[PDB]
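Please build the complete structure, drawing on both the sequences and the hints.
Residue strings, one per chain:
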Amino acid sequence: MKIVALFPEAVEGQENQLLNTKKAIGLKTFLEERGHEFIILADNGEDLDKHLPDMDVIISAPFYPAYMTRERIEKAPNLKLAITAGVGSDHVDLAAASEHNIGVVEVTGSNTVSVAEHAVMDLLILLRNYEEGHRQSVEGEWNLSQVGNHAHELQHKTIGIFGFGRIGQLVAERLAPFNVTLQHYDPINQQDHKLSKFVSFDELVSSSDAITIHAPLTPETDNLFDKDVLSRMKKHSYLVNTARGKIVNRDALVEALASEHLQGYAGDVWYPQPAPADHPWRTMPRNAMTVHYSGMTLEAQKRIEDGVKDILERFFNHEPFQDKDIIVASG
Amino acid sequence: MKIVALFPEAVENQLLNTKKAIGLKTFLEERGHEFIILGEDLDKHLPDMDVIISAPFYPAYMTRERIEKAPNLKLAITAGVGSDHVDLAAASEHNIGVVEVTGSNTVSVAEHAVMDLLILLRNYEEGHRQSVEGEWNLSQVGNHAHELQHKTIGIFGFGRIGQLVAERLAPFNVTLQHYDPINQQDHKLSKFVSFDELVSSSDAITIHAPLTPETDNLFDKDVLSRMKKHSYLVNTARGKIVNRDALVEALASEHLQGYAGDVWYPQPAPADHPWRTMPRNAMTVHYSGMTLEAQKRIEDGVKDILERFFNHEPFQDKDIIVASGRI
Ligand SMILES: NC(=O)c1ccc[n+]([C@@H]2O[C@H](COP(=O)([O-])OP(=O)(O)OC[C@H]3O[C@@H](n4cnc5c(N)ncnc54)[C@H](O)[C@@H]3O)[C@@H](O)[C@H]2O)c1
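Which chain is which? The protein sequence lines are A and B, in order.
The numbers in the numbering used here rise by one with no breaks, and the one at position 135 of the first sequence is 135.
The numbers in the numbering used here rise by one with no breaks, and the one at position 32 of the second sequence is 363.
Just so you know, these hints were derived from the structure itself, not from any lab.
Note that CB positions come from ideal geometry on N, CA and C, so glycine has one too.
One or more of the hints may lead you astray.
As the list claims (entries may be wrong) - Result set (SDA-like, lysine to any residue): computed pairs, CA atoms no more than 20 angstroms apart in a straight line:
id	chain 1	residue 1	chain 2	residue 2
1	A	157	B	421
2	B	400	B	421
3	A	80	A	99
4	A	234	B	421
Claimed, not checked - Computed, partial: chain B to chain A, Cβ under 7 angstroms:
id	residue
5	392
6	415
7	416
8	419
9	421
10	424
11	470
12	614
13	624
14	632
Here it is as structure tokens:
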């Protein structure tokens, strides 16, 4: 079986990174030890194309995805398994993958905590106006009026958690001790929790001091926070989205910041990814974006390495995956 | 009473302001006092002012020279905490009361420190530079990006803020350890530990101690190097606890992966303070006393003092710097 991987390019010195072309999350030996062919693409597109005829299994991370469009899938008569090194498979045409009977699996669980940490950090950076505080530090300055102007304690604020699954809940736990009212909305998790009051969406949107997103990208969350929803959110509120870029309307969110309806936006997830160099989210007012590594913390890497490995093991001998892990099922 | 306030010009829903002036306009003229907001070339005012008010980051200086000229002044209010700007000696002798608003930012400081831990370990600074910069490395940012979870965090100084920081760190599933000269029992939350051990065993250390003669320069070149490789230091206690220049050596050599905090030697930090420019800092200037609800706190306090003064009531001693006749 021939296994193709796309990973970020290794850089001299960065001897830590697991998920790159050099250390390639341990698969070279792991694979080449089991009789299989292993191809790491430093290519993305065009060098991808020359493997489509024969790749048995494709592998990539959401942070740096090999897009499996219908176009590409149809070219891959050998392909049986698309593994997402991480969580988030929107880089794969599920519909076509389904129709060609390719399986699609990601490593559920592997980086939930990481992402929670990143989100509460974002709350803090946003409310505390860390950005201004650090700019002034860096730029020679010392001006408390202008930092002060947007600096808030997180304490006593009301936080709305949109999507109260694994990460939503991890975020509640860590936010609870900061003395803050929690509300959440989830289709299903619609009971009060020890930590959060269930609330309608309408209500989450309008009553939250800031909102953090922990919802999947489904037909309902697709472009959910458009001009209309942003509009309905409290004036001067904040928004944190480390779930998926597309939930939040690229352009609407800009107009919301520039007009100052929204006090700030942070998160680490983009449409599309990689974020093109001129993505307006990079440059826009009062942002605390980072590039997309929150679920790619170093420790997160081991967890991913170990999942991809376990998957490939089960795959190679017809052992059935944990349901956790299956996006599209295959025979 | 005629009440004078110096605040900065506006520019800004800041409260300590020529525009918002912590609400003293209507508050005062609604109980019939005169209210004058301003520059310190209103000497042209101090013959007869009953009360002066200012904030510590933009003081009206009450020099002996000016106090002698100010014979009707009964109350100097500092909108905030820190009355360096008032000659207490003279205050005392001309029986002016000097009072402060003991606005209480323990929680603020704790949040700030916890955020610094996050920014440091997760590699937010690089993560954000790449963003703004239009890059998309991933080896670069991932290379030093860590979960806070599972890390051992050492708290140097287990008073209110340390404790406040513990409670917030607890649900992140880290090992907490602390050193305290007094709370040397295990805490349901942090294991007591010797300072030696704090230094050498901690993944990141946060300083929550007071500036005493034994905390002065405690984090010098020796303790910094006794700390593990690639560890992190966060200091929102006082700048001189950490040796200004040693720490720069400690980053530059990459013994320390990171340093953040909002306290400096001296403060305000000189424009060229090396901690500004040093590698892998997450320093801010020291606002925090400065948050919007720190302003509401001050607002309410300046009001409560003025109200007390007006109805001739007693004060909290915590608020009187120089006591005086009424007071
Ligand atoms: N930044 C990263 O590196 C990274 C890593 C892991 C996960 N994530 C993202 O974070 C999100 C949260 O992941 P998780 O593990 O908590 O998944 P989860 O399944 O535990 O959480 C999703 C929850 O949202 C709810 N939900 C479903 N449809 C909804 C809708 N229309 N409106 C609101 N809520 C809805 C569901 O009830 C579900 O329980 C995921 O969608 C994932 O893509 C990103």
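Here is how each hint holds up against the structure:
| no. | hint | result |
| --- | --- | --- |
| 1 | A:157 / B:421 | 44 angstroms, violated |
| 2 | B:400 / B:421 | 12 angstroms, holds |
| 3 | A:80 / A:99 | 12 angstroms, holds |
| 4 | A:234 / B:421 | 50 angstroms, violated |
| 5 | 392 | 18 angstroms, violated |
| 6 | 415 | 16 angstroms, violated |
| 7 | 416 | 15 angstroms, violated |
| 8 | 419 | 24 angstroms, violated |
| 9 | 421 | 27 angstroms, violated |
| 10 | 424 | 32 angstroms, violated |
| 11 | 470 | 4 angstroms, holds |
| 12 | 614 | 4 angstroms, holds |
| 13 | 624 | 5 angstroms, holds |
| 14 | 632 | 16 angstroms, violated |
This entry does not satisfy hints 1, 4, 5, 6, 7, 8, 9, 10 and 14, going by the numbered hints stated previously.
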